[PDB]
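Since chain A is already given, all that's left is putting chain A' on it; use the hints.
Below are the chains, spelled out letter by letter.
Protein chains: 2
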Amino acid sequence: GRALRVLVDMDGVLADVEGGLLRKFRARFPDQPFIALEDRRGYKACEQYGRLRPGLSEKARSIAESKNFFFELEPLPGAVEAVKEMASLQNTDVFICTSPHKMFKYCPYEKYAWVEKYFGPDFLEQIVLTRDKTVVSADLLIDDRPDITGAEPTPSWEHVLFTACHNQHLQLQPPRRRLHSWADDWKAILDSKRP
Amino acid sequence: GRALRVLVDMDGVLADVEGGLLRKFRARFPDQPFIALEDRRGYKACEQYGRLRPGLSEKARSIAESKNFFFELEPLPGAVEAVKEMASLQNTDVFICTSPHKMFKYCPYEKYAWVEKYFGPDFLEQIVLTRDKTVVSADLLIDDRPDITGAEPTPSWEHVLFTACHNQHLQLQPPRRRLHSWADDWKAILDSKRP
Numbered sequence: 003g004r005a006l007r008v009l010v011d012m013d014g015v016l017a018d019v020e021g022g023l024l025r026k027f028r029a030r031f032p033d034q035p036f037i038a039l040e041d042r043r044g045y046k047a048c049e050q051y052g053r054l055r056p057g058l059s060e061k062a063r064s065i066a067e068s069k070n071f072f073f074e075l076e077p078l079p080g081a082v083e084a085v086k087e088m089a090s091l092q093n094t095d096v097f098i099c100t101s102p103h104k105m106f107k108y109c110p111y112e113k114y115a116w117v118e119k120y121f122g123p124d125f126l127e128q129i130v131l132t133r134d135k136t137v138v139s140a141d142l143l144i145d146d147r148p149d150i151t152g153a154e155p156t157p158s159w160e161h162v163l164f165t166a167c168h169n170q171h172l173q174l175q176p177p178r179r180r181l182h183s184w185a186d187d188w189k190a191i192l193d194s195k196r197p
Numbered sequence: 003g004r005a006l007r008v009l010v011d012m013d014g015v016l017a018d019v020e021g022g023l024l025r026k027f028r029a030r031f032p033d034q035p036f037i038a039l040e041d042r043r044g045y046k047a048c049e050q051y052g053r054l055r056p057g058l059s060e061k062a063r064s065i066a067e068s069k070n071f072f073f074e075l076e077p078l079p080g081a082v083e084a085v086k087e088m089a090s091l092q093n094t095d096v097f098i099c100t101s102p103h104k105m106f107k108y109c110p111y112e113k114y115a116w117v118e119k120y121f122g123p124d125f126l127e128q129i130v131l132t133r134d135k136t137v138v139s140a141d142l143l144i145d146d147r148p149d150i151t152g153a154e155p156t157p158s159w160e161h162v163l164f165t166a167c168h169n170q171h172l173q174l175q176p177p178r179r180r181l182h183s184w185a186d187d188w189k190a191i192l193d194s195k196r197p
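Residue numbers (PDB author numbering), protein chains in the order written: chain A, 3 to 197; chain A', 3 to 197. A prime marks a further copy of an entry chain.
Here chain A stands alone, though its shape is the one from the complex:
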């Protein structure tokens, strides 16, 4: 029978982008103010730094653009184990669908290397790098961005919001769904999309 196809974005779902940004920002710019994760709002971290102090958007971006930023990101709790299990379920195909952002020098490569490091070489085959997720056909999309963007107005996938510091204050209106973490019942969400 037809496999359930699930898209999972790495950023803020598998790899701890927010923790990495904060940790490296503080170490490189110890005499500047920063944004504690609890105070993060909106997926655009650099823009919020810019509102904190003129010039900090540029510094935050320079952190994310630096070599090894993506590669040294820590996996989120229970992320690697859940996705490995997910991919092992019958009638389930998992693709990692994630953005190069506008940082083409190191980001694409390190994302591949990160996935290989935690998931193995085999899994590299399932990666789709795109700014626009709406052109990718699937049953479910799990990512940390509350807003959908891209060329297809109504994507084929249901969008499920993975909780992150910057989105946790949003109270989603049904039938919009939230996955609180990888300890949460993700199997139930998948099962709901099966025949």
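Treat the hints as calculated values from the structure; they're not laboratory data.
Incorrect hints may appear among the rest.
When chains are identical, the list treats them as one kind, so a pair holds in a single copy or across two.
[Claimed, not checked] Once the Cα atoms are required to be at most 27 Å apart in a straight line, the calculated DSSO-like pairs of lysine-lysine come out as:
1. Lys119 to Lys189
2. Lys195 to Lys61
3. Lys69 to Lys119
4. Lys46 to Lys26
Quick look at chain A' alone, frame taken from chain A:
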């Protein structure tokens, strides 16, 4: 109205991969035999080198894996001008949909840089890197590979074969279509998929 979505793979369609491989192979390994383009058959160039002489698959692959292989590829005749025009047509969205192959170190980055070089920064937004094109939804796919591969048995796009040295000897059975080059009537092919 709904835009016609066309996927175009860079390799052998916009960027002259075969010429680049042959040119750099010959310069680096001047005392080895090589495969003239007219003798190329099948998209897997390294495998054909391996059949020519044991060990040459590895050397050919080392050429493609080298820094600057992808970035220094020459654009195919009329490619940049056609795709720029195509993207400028009304009710037409063009995405470049292309593979990282198993060469993650330089290939992804140089493909982005190549597109930026010939098409501009704006166009980077339209790039989808994937091994599996069948999970990308679209009306048309133009690439140089005669065989479809990927998780979706029947993709949404019609596959149009762009002529390359390795595929030109294949006589396609209708209704399968071929675009002989960018001087050929590509507008007619697009128009056929419009309302």
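Outcome of the hint check:
Taking the shortest Cα distances, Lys119 and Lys189 sit within 27 Å of each other inside one copy (25 Å), while across copies they are farther apart (45 Å). Proximity of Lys195 to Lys61 under the C-alpha cut-off of 27 Å is found in neither arrangement, the shortest distances being 42 Å within a copy and 47 Å between copies. Proximity of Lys69 and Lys119 under a CA criterion of 27 Å is satisfied in both settings, with 17 Å inside one chain copy and 22 Å between copies. Within a single copy, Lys46 and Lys26 get their C-alpha atoms as close as 17 Å, which meets the 27 Å cut-off; across copies the closest is 43 Å, which misses it.
Against the hints set out earlier in the document, a violation occurs for number 2 only.
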